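Peer 1: Since chain A is already given, all that's left is putting chain C on it; use the hints.
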Amino acid sequence: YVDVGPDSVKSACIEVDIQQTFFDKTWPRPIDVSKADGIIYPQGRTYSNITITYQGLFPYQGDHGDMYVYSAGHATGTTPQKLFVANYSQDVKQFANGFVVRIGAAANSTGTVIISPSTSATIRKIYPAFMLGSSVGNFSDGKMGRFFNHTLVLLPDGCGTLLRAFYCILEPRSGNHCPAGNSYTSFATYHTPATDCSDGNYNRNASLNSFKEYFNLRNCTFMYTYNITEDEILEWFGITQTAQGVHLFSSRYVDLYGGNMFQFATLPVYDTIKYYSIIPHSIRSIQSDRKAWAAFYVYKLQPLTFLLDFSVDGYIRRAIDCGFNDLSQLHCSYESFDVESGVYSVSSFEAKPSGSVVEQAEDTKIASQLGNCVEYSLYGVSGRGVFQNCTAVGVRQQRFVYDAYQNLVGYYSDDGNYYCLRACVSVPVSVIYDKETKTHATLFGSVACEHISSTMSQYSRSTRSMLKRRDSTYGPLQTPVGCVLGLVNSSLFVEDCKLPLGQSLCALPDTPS
Amino acid sequence: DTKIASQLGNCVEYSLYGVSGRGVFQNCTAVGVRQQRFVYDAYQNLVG
Numbered sequence: 018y019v020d021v022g023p024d025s026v027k028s029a030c031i032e033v034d035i036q037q038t039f040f041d042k043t044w045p046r047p048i049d050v051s052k053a054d055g056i057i058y059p060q061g062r063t064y065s066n067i068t069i070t071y072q073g074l075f076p077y078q079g080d081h082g083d084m085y086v087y088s089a090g091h092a093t094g095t096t097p098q099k100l101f102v103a104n105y106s107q108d109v110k111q112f113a114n115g116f117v118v119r120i121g122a123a124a125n126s127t128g129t130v131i132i133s134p135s136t137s138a139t140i141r142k143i144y145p146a147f148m149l150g151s152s153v154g155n156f157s158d159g160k161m162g163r164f165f166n167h168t169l170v171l172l173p174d175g176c177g178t179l180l181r182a183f184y185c186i187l188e189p190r191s192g193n194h195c196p197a198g199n200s201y202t203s204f205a206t207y208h209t210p211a212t213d214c215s216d217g218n219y220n221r222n223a224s225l226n227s228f229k230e231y232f233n234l235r236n237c238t239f240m241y242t243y244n245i246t247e248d249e250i251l252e253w254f255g256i257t258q259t260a261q262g263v264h265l266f267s268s269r270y271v272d273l274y275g276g277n278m279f280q281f282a283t284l285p286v287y288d289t290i291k292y293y294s295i296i297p298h299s300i301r302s303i304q305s306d307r308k309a310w311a312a313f314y315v316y317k318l319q320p321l322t323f324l325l326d327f328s329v330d331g332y333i334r335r336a337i338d339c340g341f342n343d344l345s346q347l348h349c350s351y352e353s354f355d356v357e358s359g360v361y362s363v364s365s366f367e368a369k370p371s372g373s374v375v376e377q378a379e593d594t595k596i597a598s599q600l601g602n603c604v605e606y607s608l609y610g611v612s613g614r615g616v617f618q619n620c621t622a623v624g625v626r627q628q629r630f631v632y633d634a635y636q637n638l639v640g641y642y643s644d645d646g647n648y649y650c651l652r653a654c655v656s657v658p659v660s661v662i663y664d665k666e667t668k669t670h671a672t673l674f675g676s677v678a679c680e681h682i683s684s685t686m687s688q689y690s691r692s693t694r695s696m697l698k699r700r701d702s703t704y705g706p707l708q709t710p711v712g713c714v715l716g717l718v719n720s721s722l723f724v725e726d727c728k729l730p731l732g733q734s735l736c737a738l739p740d741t742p743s
Numbered sequence: 593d594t595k596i597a598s599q600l601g602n603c604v605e606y607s608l609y610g611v612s613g614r615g616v617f618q619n620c621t622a623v624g625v626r627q628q629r630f631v632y633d634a635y636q637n638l639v640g
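Residue numbers (PDB author numbering), protein chains in the order written: chain A, 18 to 379, 593 to 743; chain C, 593 to 640.
Just chain A, same shape as in the assembly:
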């Protein structure tokens, strides 16, 4: 196995007190895909200033992320005391095709100390620590997140210039406040800047040793280290896993300023990751010497279709999340960032089915539900639709009434009633776009505004929120063509808007640019 060096000498662990309520903050950071936020650059290829479609793992455009903040622990007077940390050790997540993170975003600004927030200390970048593995479970004290067999460990040591990676078995310790002891609270790691991080000799074992104080390193199959340098700039990092092993990505090695991720490193581990957690960390800084740290964010990767706007230098500068909006769908369908003005049909709303209705004499509450849009099963015949009580048509005894295209028109039930079956009402959608003002509006067809609402139970794709920035302040408007949003009854008479809606209606622009 790997030469881990010495085991920890001290038996007892420094006590960890959970101060999680101090860390409740709301500094959300939605992905800006038009700035290429979170974009992982394509593997093994480059391009010129051409725009292409691409398929790969990406963050959702609407994702605000999960936010975590590291802080200094307890100290008083001129000395360190007990650790005062967030409850992040309990935050076990289901791994889901990798994730990406944003680091140091609030650098070159000020924040608060959090645990003693009234100080209003300036904030600086701090690097995250992580644990990944195939299985989790309870600690001996019932605490969440004990990892089993071998686990991945990612920790910076001391100052941000050194990163270490491990694949090893963790061993619980029987000391005071330690994982096999009965005084255990929560695992955490720490850095002690008063003696660590010396300017002529940064403590390259600092955080690993504080890690070792809670978990012994046994059976270690992989260890790697990486060289980093200090910089206040925002950084991107990510993790994915394939049959080739874990892949590590970063912006730092290649694209420090644009922020596109590149294939920084890979790992030999072929064990599939099922679970992921963040290792909580704290600083053992002296009470007067406290320094606040910039917020840290995590976003999940997803198998999505995107436009990518490559620069003349091969860098991705803009991107479009194709499924995010109806407007985004049009940009992807024409492969462009500058679609011509017009009225365009887009994907329709489905309906969204309710609870199932089942009849099958041979389990007891919903044998009927007269009129909605439900899934059903009728003696092994299945489908979905709206039932309505109506006048008898076909020969009862044979039950199922069909049309010439073999669709179930109706049903004679075991209550003696004939029910008409009309499937469900999908709602067609089109959007009005003007390129010159870069504004838009929508039309729902002849369905009528009685069935339209500010949020929808019916579902197609993601959201219509780009319209709703103005259109959630208005009612739907009934017109002769259809129900619309954002259209305003001006009652003007205009010869030609170049955006006719049919009949005699016309979608006039707000006064041109």
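Computed beta-carbon distance windows for the label pairs:
| hint | chain 1 | residue 1 | chain 2 | residue 2 | range |
| --- | --- | --- | --- | --- | --- |
| 1 | C | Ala622 | A | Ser151 | 42 to 48 Å |
| 2 | A | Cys679 | C | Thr621 | 55 to 61 Å |
| 3 | A | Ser350 | C | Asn602 | 40 to 46 Å |
| 4 | C | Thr621 | A | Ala260 | 37 to 43 Å |
| 5 | A | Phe723 | C | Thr621 | 54 to 60 Å |
| 6 | C | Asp593 | A | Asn244 | 30 to 36 Å |
| 7 | C | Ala597 | A | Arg235 | 47 to 53 Å |
| 8 | A | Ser350 | C | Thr621 | 30 to 36 Å |
| 9 | A | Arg691 | C | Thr621 | 41 to 47 Å |
| 10 | C | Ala597 | A | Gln60 | 23 to 29 Å |
| 11 | C | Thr621 | A | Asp248 | 26 to 32 Å |
Everything labelled a hint here was simulated from the structure, so no lab data went into it. All C-beta atoms, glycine included, are put in the ideal place defined by N, C-alpha and C.
Peer 2: Okay, now just chain C, sitting in the frame of chain A:
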């Protein structure tokens, strides 16, 4: 294995780290992101 690692401009068969094809090479101004090596067009032909 050691004599024709380059031949600047004719019409040659080539192999570049397992990528193969044939064509004329010409020394020209840099375009794509170096590190990724292979520059492609929208139809996935090796531009450079």
